[PDB]
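Trainee: These are the residues of each chain, in order.
Protein chains: 6
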Amino acid sequence: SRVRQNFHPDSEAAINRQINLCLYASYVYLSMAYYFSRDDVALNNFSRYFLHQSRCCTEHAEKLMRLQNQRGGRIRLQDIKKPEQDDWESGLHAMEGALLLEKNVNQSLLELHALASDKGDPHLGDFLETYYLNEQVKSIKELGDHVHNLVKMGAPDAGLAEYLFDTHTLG
Amino acid sequence: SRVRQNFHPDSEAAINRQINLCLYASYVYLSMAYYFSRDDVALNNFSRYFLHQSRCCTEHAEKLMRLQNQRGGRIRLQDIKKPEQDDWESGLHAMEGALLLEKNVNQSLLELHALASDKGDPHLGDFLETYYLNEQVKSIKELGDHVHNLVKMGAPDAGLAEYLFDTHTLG
Amino acid sequence: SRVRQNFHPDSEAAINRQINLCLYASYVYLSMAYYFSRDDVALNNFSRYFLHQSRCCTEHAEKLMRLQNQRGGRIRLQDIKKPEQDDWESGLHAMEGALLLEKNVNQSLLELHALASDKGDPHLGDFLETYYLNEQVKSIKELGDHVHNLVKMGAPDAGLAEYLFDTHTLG
Amino acid sequence: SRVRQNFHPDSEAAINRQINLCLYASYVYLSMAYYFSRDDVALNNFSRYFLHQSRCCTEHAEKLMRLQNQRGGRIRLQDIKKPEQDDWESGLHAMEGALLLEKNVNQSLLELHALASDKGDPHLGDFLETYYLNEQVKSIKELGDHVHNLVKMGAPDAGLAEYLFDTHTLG
Amino acid sequence: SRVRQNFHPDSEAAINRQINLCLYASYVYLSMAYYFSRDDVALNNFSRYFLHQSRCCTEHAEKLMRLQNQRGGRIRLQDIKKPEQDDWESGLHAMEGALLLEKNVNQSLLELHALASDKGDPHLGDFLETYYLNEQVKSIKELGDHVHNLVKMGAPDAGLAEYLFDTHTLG
Amino acid sequence: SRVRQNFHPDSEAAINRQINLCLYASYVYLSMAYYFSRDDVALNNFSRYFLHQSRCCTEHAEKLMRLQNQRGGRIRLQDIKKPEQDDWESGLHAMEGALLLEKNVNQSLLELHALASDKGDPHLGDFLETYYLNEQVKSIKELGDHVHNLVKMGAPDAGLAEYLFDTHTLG
Ligand SMILES: [Au+]
Ligand SMILES: [Au+]
Ligand SMILES: [Au+]
Ligand SMILES: [Au+]
Ligand SMILES: [Au+]
Ligand SMILES: [Au+]
Ligand SMILES: [Au+]
Ligand SMILES: [Au+]
Ligand SMILES: [Au+]
Ligand SMILES: [Au+]
Ligand SMILES: [Au+]
Ligand SMILES: [Au+]
Numbered sequence: 006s007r008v009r010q011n012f013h014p015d016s017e018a019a020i021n022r023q024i025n026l027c028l029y030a031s032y033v034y035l036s037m038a039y040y041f042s043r044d045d046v047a048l049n050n051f052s053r054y055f056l057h058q059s060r061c062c063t064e065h066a067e068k069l070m071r072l073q074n075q076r077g078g079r080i081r082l083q084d085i086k087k088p089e090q091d092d093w094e095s096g097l098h099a100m101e102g103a104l105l106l107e108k109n110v111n112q113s114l115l116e117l118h119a120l121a122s123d124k125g126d127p128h129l130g131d132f133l134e135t136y137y138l139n140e141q142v143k144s145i146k147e148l149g150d151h152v153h154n155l156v157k158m159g160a161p162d163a164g165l166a167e168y169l170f171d172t173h174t175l176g
Numbered sequence: 006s007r008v009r010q011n012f013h014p015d016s017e018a019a020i021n022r023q024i025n026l027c028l029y030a031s032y033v034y035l036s037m038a039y040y041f042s043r044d045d046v047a048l049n050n051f052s053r054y055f056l057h058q059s060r061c062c063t064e065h066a067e068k069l070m071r072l073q074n075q076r077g078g079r080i081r082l083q084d085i086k087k088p089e090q091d092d093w094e095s096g097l098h099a100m101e102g103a104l105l106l107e108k109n110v111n112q113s114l115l116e117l118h119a120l121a122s123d124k125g126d127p128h129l130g131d132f133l134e135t136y137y138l139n140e141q142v143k144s145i146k147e148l149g150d151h152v153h154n155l156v157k158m159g160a161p162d163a164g165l166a167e168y169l170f171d172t173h174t175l176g
Numbered sequence: 006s007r008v009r010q011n012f013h014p015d016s017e018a019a020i021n022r023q024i025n026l027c028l029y030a031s032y033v034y035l036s037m038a039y040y041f042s043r044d045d046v047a048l049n050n051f052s053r054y055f056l057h058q059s060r061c062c063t064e065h066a067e068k069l070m071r072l073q074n075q076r077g078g079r080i081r082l083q084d085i086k087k088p089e090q091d092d093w094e095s096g097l098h099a100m101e102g103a104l105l106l107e108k109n110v111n112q113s114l115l116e117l118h119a120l121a122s123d124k125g126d127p128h129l130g131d132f133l134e135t136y137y138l139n140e141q142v143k144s145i146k147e148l149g150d151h152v153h154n155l156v157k158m159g160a161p162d163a164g165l166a167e168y169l170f171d172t173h174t175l176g
Numbered sequence: 006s007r008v009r010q011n012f013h014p015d016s017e018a019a020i021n022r023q024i025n026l027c028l029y030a031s032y033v034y035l036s037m038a039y040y041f042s043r044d045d046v047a048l049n050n051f052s053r054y055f056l057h058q059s060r061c062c063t064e065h066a067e068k069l070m071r072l073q074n075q076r077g078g079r080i081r082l083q084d085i086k087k088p089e090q091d092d093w094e095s096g097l098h099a100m101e102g103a104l105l106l107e108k109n110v111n112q113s114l115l116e117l118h119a120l121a122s123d124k125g126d127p128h129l130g131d132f133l134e135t136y137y138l139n140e141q142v143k144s145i146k147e148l149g150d151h152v153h154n155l156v157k158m159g160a161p162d163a164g165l166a167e168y169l170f171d172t173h174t175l176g
Numbered sequence: 006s007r008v009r010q011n012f013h014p015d016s017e018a019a020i021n022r023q024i025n026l027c028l029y030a031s032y033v034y035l036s037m038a039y040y041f042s043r044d045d046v047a048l049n050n051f052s053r054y055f056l057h058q059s060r061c062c063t064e065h066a067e068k069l070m071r072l073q074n075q076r077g078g079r080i081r082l083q084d085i086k087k088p089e090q091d092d093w094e095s096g097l098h099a100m101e102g103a104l105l106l107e108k109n110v111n112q113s114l115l116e117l118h119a120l121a122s123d124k125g126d127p128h129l130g131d132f133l134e135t136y137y138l139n140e141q142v143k144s145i146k147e148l149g150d151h152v153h154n155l156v157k158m159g160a161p162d163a164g165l166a167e168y169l170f171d172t173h174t175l176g
Numbered sequence: 006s007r008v009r010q011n012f013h014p015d016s017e018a019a020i021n022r023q024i025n026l027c028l029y030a031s032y033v034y035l036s037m038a039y040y041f042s043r044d045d046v047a048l049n050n051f052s053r054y055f056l057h058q059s060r061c062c063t064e065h066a067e068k069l070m071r072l073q074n075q076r077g078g079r080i081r082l083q084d085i086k087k088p089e090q091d092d093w094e095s096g097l098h099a100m101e102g103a104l105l106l107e108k109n110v111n112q113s114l115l116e117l118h119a120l121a122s123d124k125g126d127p128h129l130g131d132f133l134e135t136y137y138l139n140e141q142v143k144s145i146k147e148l149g150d151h152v153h154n155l156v157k158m159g160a161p162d163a164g165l166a167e168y169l170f171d172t173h174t175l176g
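Protein chains in written order, with the deposited numbering: chain A, 6 to 176; chain B, 6 to 176; chain C, 6 to 176; chain D, 6 to 176; chain E, 6 to 176; chain F, 6 to 176.
Pulled out of the complex, with its shape left as it was, chain A reads as follows:
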């Protein structure tokens, strides 16, 4: 590419892997969003919350695709794997699944940053720091908060817990 400069083939490949992972995380969140609008779950603010999470991950996936083009890399898409479950069991189980998902996404981003550093690619390092790493920390912290409150309130077995959390925290 006539724009390519200081852009290692390993970084290009790692960006393509991260694109797939952010698309996958978007899909997991979409699955969770529509679990909570089932007639036998019906927690509409959990639904809205995870739909917003899904949009955020889609935006980050697209920004990585833009980055690939900006640097002269070439996007290579792969299948987006279906999520591990269609039935997410409870508000608490979904929040815990989201927390684990984001820590896995965070680990991948940190490994991508370490690669960028190894290859002396400060543009890529800054891109990750500016748009990904602190956003990931904020989301993980928020999910941790939500898990804590749900557990303390007695979710999933206490009948009022997820209902009240849906209407107060996620409202």
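These are computed hints drawn from the structure, not numbers from a lab. Treat the hints with care, since some could be wrong.
Where chains are identical, the list cannot tell them apart; a pair therefore holds if satisfied intra-copy or between any two copies.
Derived pair list, reagent style DSSO-like, types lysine-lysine, alpha-carbon separation capped at 27 Å [said to hold, decoys possible]:
no.: 1; residue 1: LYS68; residue 2: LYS108
no.: 2; residue 1: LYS124; residue 2: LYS146
no.: 3; residue 1: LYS108; residue 2: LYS157
no.: 4; residue 1: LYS146; residue 2: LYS68
no.: 5; residue 1: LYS143; residue 2: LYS68
no.: 6; residue 1: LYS146; residue 2: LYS108
no.: 7; residue 1: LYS108; residue 2: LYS87
no.: 8; residue 1: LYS108; residue 2: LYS86
On the provided structure of chain A, position chains B, C, D, E and F with the ligands as indicated by the hints.
Mentor: Okay, now just chains B, C, D, E and F with the ligands, sitting in the frame of chain A:
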């Protein structure tokens, strides 16, 4: 499900297949969108055009997921297959690929409508007619228009054709 | 902590030390602020200037406390030592004391950044770069400017110097 | 000091002690504020509530420093001791700790007022009455209200109590 | 300098070299801008485009001069060399020359960043990342886009190519 | 050139020399501007004043480049020489240097006008009269005013002089 009524298991399964197909079509269009923002393609209104196509297909996929929940069906997600190509070759090739994609999506919707009719599900039939069938006809017609003009202008080999089409029709 | 990831115990401890140092710097500046509103000093814009410096350091201390929580560390507070003097002697002496204070704070931040780099913590490195390191450089530069002008004007012994600097530069 | 009049050295010293105590109370409240934004506590309106308490105590400390200067006294700062705990255990425990803290601060203010009266310093007595004594009574009453409601709701062991109090009373 | 801290003499010297290079790039772009307003070239949006490029490089040069002062370095100016050509031959030749110029400027910035990293100067590294490295990537990508479209349209020999590109892309 | 009329080759060459001289004067003023934002000079309105002088000279250089194109001449750029000093010593020394610079620029413009008159080029003569000669007289007069006041105030050795001039005249 305590909401389920007149909703055949075959229709539920066929809705799950259509959800996957609309997500797949969304992915194809996303792939096309970022092909046109490559530095060696750089047709930004083709890029915008296919990104909009992608959003429309995502909306239709989500509306089918909502429908499944509304009727008491259960969403079952599957892998979203990667598109057939990462390199879409030209503006004309992409428009022709999109036209073929939409005719395939349209055929699936029409088969879904025929199933709904066979199972005496007028709610499902109306849902498809109201939100899917005429939108598909409009999009196919528009893609046909675009293919015709691109071919007549001399795309892909004529150097001004896709450039001028990008700036005039898709601008 | 269920949110903790890639966060080294040394970094957590170093953050707790920096919190104490930023609180201490806030206290020094508060002391300076109220020195200049003594009836036998009465330089109200020096007073306002150092009060603003104090608020800025309090904000940075709180942002480090927020960071500790965001990353799953645990805040451990220590005594905030009283400043070295209650009588800051003159506008020039206070500005020189502030310059030395900020260089000490800056050195601590740079050592914290070097630790973050050693521990492969790019989130922490970026946090320091984004919110602390350039703000410190700007403040040190401004204090250098003020010291230069005060010295050139003949502070502290020239009777008009601090009075005129208070009303023109700090007004 | 050429402004000093009817201002007893004991009152000056007692004002310096009260400044340290109000700064200490500010620090305790800051500690409490950031306890409630831990991922394993996550009661953000408790956090906001105690942060506001902290700002109020900082304002009262500064107003005492202003008073010292207004009367021709000389501010003598001392170390601000760290709070007794970093882990405040629960919303109820923190509210009870705050109530005890404010009664101790109130006792010190009342002793300061008695000193002012003994030394025939009505300006100092009025300053305390106008800006400190009724504000202290209001805050103690409010903390008493909060403690009562938390206890009645079943805090800290009842899972919904602090969550609901956070969102309704402190929201 | 009484403000100088953690600022290596090599970094100071390298900043002075980068200032000259950004001023030089500004001069090249100014030369290109007025080539396109010749009566025998007369592509006024090419002219505007390169004038804007020139202003951007002047701003970056001045920001490096500000940085030198902020850190306590001392600006040392050198001759600004005249550009390689006064006659830039065509819109396509100028865009290709600009692309090569920016890659050379980018290489210098990346080497400056590597120096900052070697000398443990995170303030300088962040300054380059925040204000220079991503701006350079964006400009190189845009120039790549423009070169691609011009080539595909048949520039410089096809009579309509640069005229149409001037009025559509650069308008 | 098909636009060229009554435009002598000597005038074209002399215009190219004046372009270089106005660019050089712009560079001198830029150097002066950033001398006054050194931490050990820190006269920010001197800095602003000379930056404005620099922009004015850049505008006049560009207007001469436009003139060359308007008349069918061909711009030939040369190196822009670095200024005589990086350290401008004082506000007074810089103002005196600027006065000498502008008289040299003025002499060149007057010689250019005499050439235009010799070659019977009234368009060029009017261009110089309308945009250059009275602007030069105004700037020289202003610099003379500033030099006079600085000298009378006791610059550079009197500590208040440049400080007060910076804040009152140049503010
Ligand atoms: Au993601
Ligand atoms: Au997001
Ligand atoms: Au679709
Ligand atoms: Au659509
Ligand atoms: Au601080
Ligand atoms: Au600040
Ligand atoms: Au207090
Ligand atoms: Au208060
Ligand atoms: Au530049
Ligand atoms: Au720029
Ligand atoms: Au000039
Ligand atoms: Au001017």
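Trainee: For each hint, tell me whether it holds in the structure or not.
Mentor: Do the hints match the structure? See the list:
Taking the shortest Cα distances, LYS68 and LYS108 sit within 27 Å of each other both inside one copy (20 Å) and across copies (23 Å). Taking CA atoms no more than 27 Å apart as the test, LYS124 paired with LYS146 passes between copies only; the shortest distance there is 21 Å, against 30 Å inside one copy. When the C-alpha separation of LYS108 and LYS157 is checked against a cutoff of 27 Å, the pair qualifies only within one copy, where the shortest distance is 22 Å, while the shortest distance between copies is 31 Å. Taking the shortest alpha-carbon separations for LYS146 and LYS68, both the intra-copy value of 23 Å and the inter-copy value of 15 Å come in at or below 27 Å.
Both within a single protomer and between protomers do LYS143 and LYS68 lie at most 27 Å apart by alpha-carbon distance, with minima of 18 Å and 14 Å respectively. Proximity of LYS146 to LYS108 under the C-alpha cut-off of 27 Å is restricted to the intra-copy arrangement: shortest distance 10 Å within a copy versus 33 Å between copies. Both within a single protomer and between protomers do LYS108 and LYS87 lie at most 27 Å apart by alpha-carbon distance, with minima of 19 Å and 25 Å respectively. Taking the closest pair of Cα atoms, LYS108 and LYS86 come within 27 Å of each other both inside a single copy (18 Å) and across two copies (25 Å).
Hint check: no violations occur; every hint is consistent with the structure.
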